[PDB]
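So this first bit is one chain, no partners, the form deposited without the ligand, shown in structure tokens.
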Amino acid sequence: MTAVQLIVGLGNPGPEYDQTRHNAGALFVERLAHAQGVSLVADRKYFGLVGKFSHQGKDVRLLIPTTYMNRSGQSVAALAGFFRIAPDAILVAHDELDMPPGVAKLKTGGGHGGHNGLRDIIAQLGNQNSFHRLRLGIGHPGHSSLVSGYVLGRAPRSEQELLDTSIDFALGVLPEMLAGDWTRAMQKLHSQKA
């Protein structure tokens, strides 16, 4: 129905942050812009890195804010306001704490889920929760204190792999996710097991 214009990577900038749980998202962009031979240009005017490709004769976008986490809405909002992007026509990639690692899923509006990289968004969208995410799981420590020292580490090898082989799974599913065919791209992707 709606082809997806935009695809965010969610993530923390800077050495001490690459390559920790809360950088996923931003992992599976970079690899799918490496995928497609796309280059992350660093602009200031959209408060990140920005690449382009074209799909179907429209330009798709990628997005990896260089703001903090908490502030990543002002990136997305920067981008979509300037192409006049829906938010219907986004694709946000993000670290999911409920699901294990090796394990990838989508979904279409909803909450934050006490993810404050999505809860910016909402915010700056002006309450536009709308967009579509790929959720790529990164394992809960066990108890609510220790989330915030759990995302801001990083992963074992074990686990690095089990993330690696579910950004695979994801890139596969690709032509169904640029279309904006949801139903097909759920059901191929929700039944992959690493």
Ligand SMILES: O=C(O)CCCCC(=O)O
Given for the second form:
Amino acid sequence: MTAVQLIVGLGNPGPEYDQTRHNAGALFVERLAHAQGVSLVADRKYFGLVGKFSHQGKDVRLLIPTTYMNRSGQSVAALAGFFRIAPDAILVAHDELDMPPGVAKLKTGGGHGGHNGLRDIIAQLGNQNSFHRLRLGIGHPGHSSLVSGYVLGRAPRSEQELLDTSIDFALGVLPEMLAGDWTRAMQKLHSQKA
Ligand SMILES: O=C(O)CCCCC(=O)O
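Condition change, the form deposited without the ligand to the form solved in complex with the ligand:
Full assembly next; the chain just shown is listed first.
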């Protein structure tokens, strides 16, 4: 019943970080923007790359923060505040350690699960965790101590391919996502194998 008005894709700015696992979410928004013919404009007042397309009479915005992963919320808060977009009208695409590559899932509310981008968005939205997430699986190296080095790595070829497959699966269910029909979106998404 609540239509999506902001899609955020999380990532780190700069060449050293391009195409790393931690940029899965920004990759998703980048594919979305290309599929829709939407230009991503560098806008200083939103600390990121911003885009716009129309859907059912409403303005749907795309956002890739150009702050570091850990200050993403200042970008999300800046755009959500200017346009009075409530938490539940926001979708955040992000890498997910808890699912292997090729798998993508939707979720409404909850923890930040250790993810520093998510954590900053929950914090900056005046502690609202109410938003929806597209969790794009990237695997887990095996030990908590390895996590930092792993998300900042470029995945091997087979894994980048499975990521691409899952992003494609997730663009498949865009109509349902934009509409706010989360159960239908889940049913369709959560049944596809890479
Ligand atoms: O939680 C994840 O899926 C991986 C991100 C690692 C946590 C971080 O963003 O600080």
